[PDB]
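For reference, the chain that follows is the form solved without the ligand, supplied as structure tokens.
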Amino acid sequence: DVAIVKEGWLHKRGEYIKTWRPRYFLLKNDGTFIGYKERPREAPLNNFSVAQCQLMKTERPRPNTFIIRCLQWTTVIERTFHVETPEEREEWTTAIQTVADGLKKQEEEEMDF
């Protein structure tokens, strides 16, 4: 069964309006990444799988930004996040990458040969 890998507050940049808002996110080891206006039902404001996604780091316009990029059909999806320190960013990007890598291993076990 599915377990929480990491949860906590992130600053998420809006997709239409590129302002930053605080969101409480939970990452689960099936790849679910779900974000709420408040600490958790009430529907989440964000809900997407990190499976088959890529992580990017950037420092502009905000230092300690990371981006999750998912290529899906024709669309590539980007979800942009900020935290207050580079150590905090590494906690999140390591957690997400580890979950994605677990799922990639599983995919390879299914597809190959």
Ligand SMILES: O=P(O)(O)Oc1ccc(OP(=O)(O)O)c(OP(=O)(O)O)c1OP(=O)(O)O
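If you superpose the two forms and keep the largest set of C-alpha atoms that fall within 1.5 Å, you have the rigid core. Positions refer to the first chain, counted from 1. What changes on going to the form deposited with the ligand bound:
After superposition on the rigid core, the Cα atom of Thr75 is displaced by 2 Å or more between these two forms.
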Contents of the next structure:
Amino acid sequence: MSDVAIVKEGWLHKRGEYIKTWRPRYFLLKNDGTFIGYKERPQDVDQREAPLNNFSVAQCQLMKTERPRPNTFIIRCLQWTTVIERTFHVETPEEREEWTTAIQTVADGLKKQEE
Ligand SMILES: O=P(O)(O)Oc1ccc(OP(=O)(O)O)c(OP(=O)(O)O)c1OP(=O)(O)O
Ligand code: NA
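In place of the form solved without the ligand, the structure of the form deposited with the ligand bound is requested.
In what comes next, the whole complex appears, and the chain from above leads the way.
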């Protein structure tokens, strides 16, 4: 049960892929590697069951950049059978570190869970 527990949550900007833009999103990282985003913080169970974005951070790559926006981090991960890169930015390097440290820790936990 605590496998589906929330490890970290908060606001961040998700980068456009083919369009230059930053979309505001509220993301929750769960202990089973699920990383889900919403346009606003989910108020209830129903709002939680309808995420706009949903990635798995198992075995991901975590990169940190300052261009074009400072405090940006990139995640290279597997969406089913396709490797994808998603880009996010937060307000401070302190929060970026909280996010990349939380993500890596979860990935390491899933691996060690192959126990
Ligand atoms: O695969 P995801 O990261 O879950 O979703 C994407 C992916 C690509 C999008 O196209 P783009 O507008 O960013 O070029 C894209 O933008 P779009 O579908 O909303 O036009 C995505 O949806 P979202 O960022 O608005 O939630
Ligand atoms: Na689009």
